[PDB]
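There are 2 protein chains.
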Amino acid sequence: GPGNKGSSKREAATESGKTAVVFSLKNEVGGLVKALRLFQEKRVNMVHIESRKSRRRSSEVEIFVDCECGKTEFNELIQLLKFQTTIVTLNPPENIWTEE
Amino acid sequence: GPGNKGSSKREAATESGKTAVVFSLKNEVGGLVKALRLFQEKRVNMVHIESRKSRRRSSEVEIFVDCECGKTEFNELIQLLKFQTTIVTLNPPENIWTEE
Ligand SMILES: N[C@@H](Cc1ccccc1)C(=O)O
Ligand SMILES: N[C@@H](Cc1ccccc1)C(=O)O
Numbered sequence: 046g047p048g049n050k051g052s053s054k055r056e057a058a059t060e061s062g063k064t065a066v067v068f069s070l071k072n073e074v075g076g077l078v079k080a081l082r083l084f085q086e087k088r089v090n091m092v093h094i095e096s097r098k099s100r101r102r103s104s105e106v107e108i109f110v111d112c113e114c115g116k117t118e119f120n121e122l123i124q125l126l127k128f129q130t131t132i133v134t135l136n137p138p139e140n141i142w143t144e145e
Numbered sequence: 046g047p048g049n050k051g052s053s054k055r056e057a058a059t060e061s062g063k064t065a066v067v068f069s070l071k072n073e074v075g076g077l078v079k080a081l082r083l084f085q086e087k088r089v090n091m092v093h094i095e096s097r098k099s100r101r102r103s104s105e106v107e108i109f110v111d112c113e114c115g116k117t118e119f120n121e122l123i124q125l126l127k128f129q130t131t132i133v134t135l136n137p138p139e140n141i142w143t144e145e
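Chain order of the listed sequences is B and A. Letter by letter, the first sequence follows residues 46 to 145 of the deposited numbering. Letter by letter, the second sequence follows residues 46 to 145 of the deposited numbering.
This is chain B alone, in the form it adopts within the complex:
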């Protein structure tokens, strides 16, 4: 039975998609690592990360995290992130582009 062939195996996938969420936190040191460690807990790797800091004396800053993961996993992760801070923006900042 086993050991016969199996040199190649195709895994099914539910198409492809991306997820992104804007997470806000205090401009404290290490605030970002606590936000990203949650992604590590769910074993979700990020593909892009960008932080924006305003000079309007804002105590809080917005950090954009882009990652690819299942929508269910994503929703669960977002719910955990929402615990730390209220997230009302779940859209990417396509308004601002970067040279990259």
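Don't read these hints as lab results, they were simulated from the structure. Among the hints, erroneous ones may be present.
As the list claims (entries may be wrong) - With a cut-off of at most 16 Å between alpha-carbon atoms, the simulated EDC-like pairs for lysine to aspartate or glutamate come out as follows:
#, chain 1, residue 1, chain 2, residue 2
1, A, 98, B, 113
2, A, 87, A, 118
3, B, 98, A, 113
4, B, 98, A, 111
5, B, 98, A, 95
6, B, 87, A, 73
7, A, 98, B, 111
8, A, 98, B, 95
9, A, 87, B, 73
10, A, 79, B, 86
11, B, 79, A, 86
For this one, chain B is given, so just place chain A with the ligands on it according to the hints.
Just chain A with the ligands now, with coordinates in the frame of chain B:
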């Protein structure tokens, strides 16, 4: 070697500048948080962060971290970062070039 009790009431803002370093790590999940937690240890906040992922099947990825801190503190931090991975790129001056 603990010092004596005292307080530094002398401060100077004569020295000012920015620091940046390119830190490379494996494309593992949570690799970035370990890199950034070191900044937290030195109480260094980052002002900009950007990660680059290639599709050339590179096991390692390069993450750019920009922060403002003392040069001495920065050098010490870099030395700690160098422990985790060899860093040969330290924000090179690609703006100018020479043909020596
Ligand atoms: N994929 C790695 C490195 C990385 C961080 C952020 C953006 C892109 C890549 C991680 O999740 O730690
Ligand atoms: N200043 C905060 C948030 C931040 C992260 C990265 C870039 C800019 C700001 C921190 O160091 O966690």
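Results for each hint:
no., hint, in the structure
1, A/98 to B/113, "holds (13 Å)"
2, A/87 to A/118, "holds (8 Å)"
3, B/98 to A/113, "holds (13 Å)"
4, B/98 to A/111, "holds (12 Å)"
5, B/98 to A/95, "holds (13 Å)"
6, B/87 to A/73, "holds (13 Å)"
7, A/98 to B/111, "holds (12 Å)"
8, A/98 to B/95, "holds (13 Å)"
9, A/87 to B/73, "holds (13 Å)"
10, A/79 to B/86, "holds (13 Å)"
11, B/79 to A/86, "holds (13 Å)"
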